[PDB]
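Below are the chains, spelled out letter by letter.
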Amino acid sequence: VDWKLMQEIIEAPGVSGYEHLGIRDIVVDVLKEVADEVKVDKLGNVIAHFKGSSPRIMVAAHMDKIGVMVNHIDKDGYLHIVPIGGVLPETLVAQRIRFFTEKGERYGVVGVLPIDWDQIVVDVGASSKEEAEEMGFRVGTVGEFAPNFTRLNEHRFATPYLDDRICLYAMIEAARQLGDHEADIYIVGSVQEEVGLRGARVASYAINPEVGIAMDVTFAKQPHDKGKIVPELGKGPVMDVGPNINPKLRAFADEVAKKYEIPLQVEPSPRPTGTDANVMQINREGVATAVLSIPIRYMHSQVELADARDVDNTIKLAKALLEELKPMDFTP
Amino acid sequence: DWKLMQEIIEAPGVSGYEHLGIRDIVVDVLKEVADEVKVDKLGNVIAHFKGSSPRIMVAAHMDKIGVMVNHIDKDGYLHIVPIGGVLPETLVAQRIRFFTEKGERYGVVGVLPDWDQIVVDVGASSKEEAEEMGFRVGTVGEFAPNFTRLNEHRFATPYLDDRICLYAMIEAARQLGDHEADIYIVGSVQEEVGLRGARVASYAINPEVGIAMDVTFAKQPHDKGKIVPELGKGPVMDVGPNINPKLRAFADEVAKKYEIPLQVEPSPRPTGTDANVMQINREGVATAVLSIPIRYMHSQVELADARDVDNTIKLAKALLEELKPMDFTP
Amino acid sequence: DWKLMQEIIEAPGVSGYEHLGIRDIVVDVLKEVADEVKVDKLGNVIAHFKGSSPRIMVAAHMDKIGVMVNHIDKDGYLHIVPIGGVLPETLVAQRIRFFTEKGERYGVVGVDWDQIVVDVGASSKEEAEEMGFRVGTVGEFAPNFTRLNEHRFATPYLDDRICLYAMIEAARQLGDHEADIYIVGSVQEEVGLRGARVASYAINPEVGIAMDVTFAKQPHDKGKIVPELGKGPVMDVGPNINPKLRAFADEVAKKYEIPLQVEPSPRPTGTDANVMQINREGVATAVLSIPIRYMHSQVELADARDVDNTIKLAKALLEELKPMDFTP
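Protein chains in written order, with this note's numbering: chain A, 40 to 371; chain B, 93 to 422; chain C, 63 to 390.
Bound-form chain A, shown alone:
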């Protein structure tokens, strides 16, 4: 559990469709060191191949973050933005936003009068539209929650964009530590998941895997959750059960966990998605999919919080599944 590597994976620039701004390069480099080959497709997916014989498996964690984009700039240099993904305007009050302009990274704050959009005006220190632009701002400039990593103690930490950068980091770590494996493995850092799981769809079509595992984050029990949330922090990684989940693959997961003595949580999901596993399962002739998740609290806010112990068991389980996988009958 590398904290520095974890943090930079978490804070590397890369909103949906702009993953090339920083995160993609990190993923490629860290993967090229252990993979037999690493490519980047038309949409920006990073596909690392770890040669094996069978079965052919695809594991994916998205690299994109939710964020905002400048719709226009007014005469007084203020910015009017729109969301990129599931951005809660409630989480944009009295918050700092990291924008990526021509002249590099520039900050802006969303004030409050001493909620719906365009009631959301960003202040960037300008006095006119002309001045804002001269600062590098333009129609289409994108922004992200300002980074802020908070280590609360031994285990727990809070920060923007644990979704899905914490699962990305877990996948990458398991891949760096992968041992012997007869499965033909493809580790994918997908793009545009926050806006339609469009990255995993394109990559699963190119890869055409038999087995597919999406590593995403999931809700953890928290205040005012009214008891509807099953998973709990510190209780280990989570693996769904439901229509989107292949029983043979999921049953194999239990065993691996049992064998390596890794705590594993079960989470109801009577539908699919928003993981990449949704579009992976209906890819071409059909894929046996499963979901491996890290539970976090306060999803989609500047304070998503996780427990390093879960991250750890996710890395172990991910690795153990990959090495334990061999030819099987996935037909339900």
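I should point out that these hints are in silico values taken from the structure, not numbers from a laboratory. For each residue, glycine too, the CB sits at the ideal point set by N, CA and C. If a hint is listed, it holds; no wrong ones were tucked in.
Computed footprint of chain A on chain B; a stretch qualifies when at least three of its residues, placed anywhere within it, have a C-beta under 8 Å from a C-beta of chain A:
1) 177-188
2) 202-210
3) 238-247
4) 314-326
5) 390-401
DSSO-like, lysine-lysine: derived pairs with alpha carbons at most 30 Å apart:
6) B:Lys-194 - A:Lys-274
7) B:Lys-219 - C:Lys-279
8) C:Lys-384 - C:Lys-93
Given chain A, work out where chains B and C should sit, using these hints.
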């Protein structure tokens, strides 16, 4: 001086707890040039700059609005209460700097996919554990610092009120030349909870002239043209009932003399400023208010213009030096 | 002393009318032990227990919340207005004790203060006036002292008579002390801490302690109340509270092994201590309270042990304090 200014701003010290950090900063910074410095039973820092007449009191509160822990639940979450004008709205998905037994520790307010339901996560899984970490009923916290200089002039950061005026005042104090007036510079406490500190300090000082250096609203989005002051246009000084006319005309003169740009804003009512209790203190005092305009007051993103802070300091010392006995009787 | 206690609790005296009964009781009982006892122009009772230093003022308000008669209608019913924090909610189907020139007269509210009509058994305005009723006649919750058991009891006007009793009992049992003590029974607290303000100005103490009642955990409080009945006196922490004085209190309570609860009072308290702290040049203040349930109603209920432990701590604190720096 961005270094010193940020220090004054982020120094600990919520209403009633100014001794956690801000109090010492202020004292030290002033012992350098002040003839005497002391602190009363409430924590007011009072610096004396001996002069003949008139006796003038200038104040800027050192207290920040913040929160306090009401209780810790079984799962280790904190339930807080507001100290000062804290809006539940500025507490969602935000970080809180708490001052526990074991030192400064952080917590975060959560959310889901009126204070009662403002629960703070500090990373504990039990009450015993939260306590183990140094959290006690009564523990206080403040917005987490995050100083952001937007450009050459503008910057945004929590607790611009009233630390920016406190800076400005301290700075003008350090740069004070010759003055005929007997000057008292006060770092007031508990101003956010009822101008309680200024009351006491002014009763002890008993000045003929008093000036409050606080922050005011600047034109910003959705203000509906109701706010007069504008960032970048200089320090502001009110006009109205609790603003002594003679004193205010004077400042108008000193301003134009030193050519400092000066904004004017109406205040038809005695304001939530220390100059409120200063004027009605003892037999009455000729009072005026000198403010730095800021946007988004009482939030983590209050923003100001350095050029305004600059002129406020210029005007501050100029007034303090040009001040000579005169009649303030309206 | 349940008898002295019930008597301090039931003694007449709403805000501004403390002279109707409680004042003289407070005066009489304090005169027996204090070195001097005086009544200022606003009605505050100020008892001095001469000492060296620091000079300390301790206050508990003698006033009660209540009602006043606005006018009498043709049919002899009274129309009242509240004196203090009285809510018509607590007036339905309740008996009210009025004070007329003819003496104590009772009235009942049957089954927004424009719907609160008091019936006194009169048939006409003239008969009501003949019974002793006038515009300005004041009234209180009828006394009704219920001992539930060995420790708990319920009664109107535990606020703030219970703390008044405690302070008085502590003063009567006071032993050797170095501080220059001033025990005050303040007036008009329920309408602006008016009494304590003037009293502190005169005394000009260096230290000040307010003894009031505070909320105790009770049904439907949804976990928002810290203090509980039976777990001892309570001492606030916050801006209105001087850290060093509070620290001192802690050590005293520990030294005597007196249970002491803590309560977060984030804002300037609604007690005499509020005005004591900003009095003249400033004062190191703190708050000592007895927790009670159902505040401001006819059934305010408390626990005897807490009352007792409050007297102990109050006594101990006064005998134990001495000159020390209170500068935060």
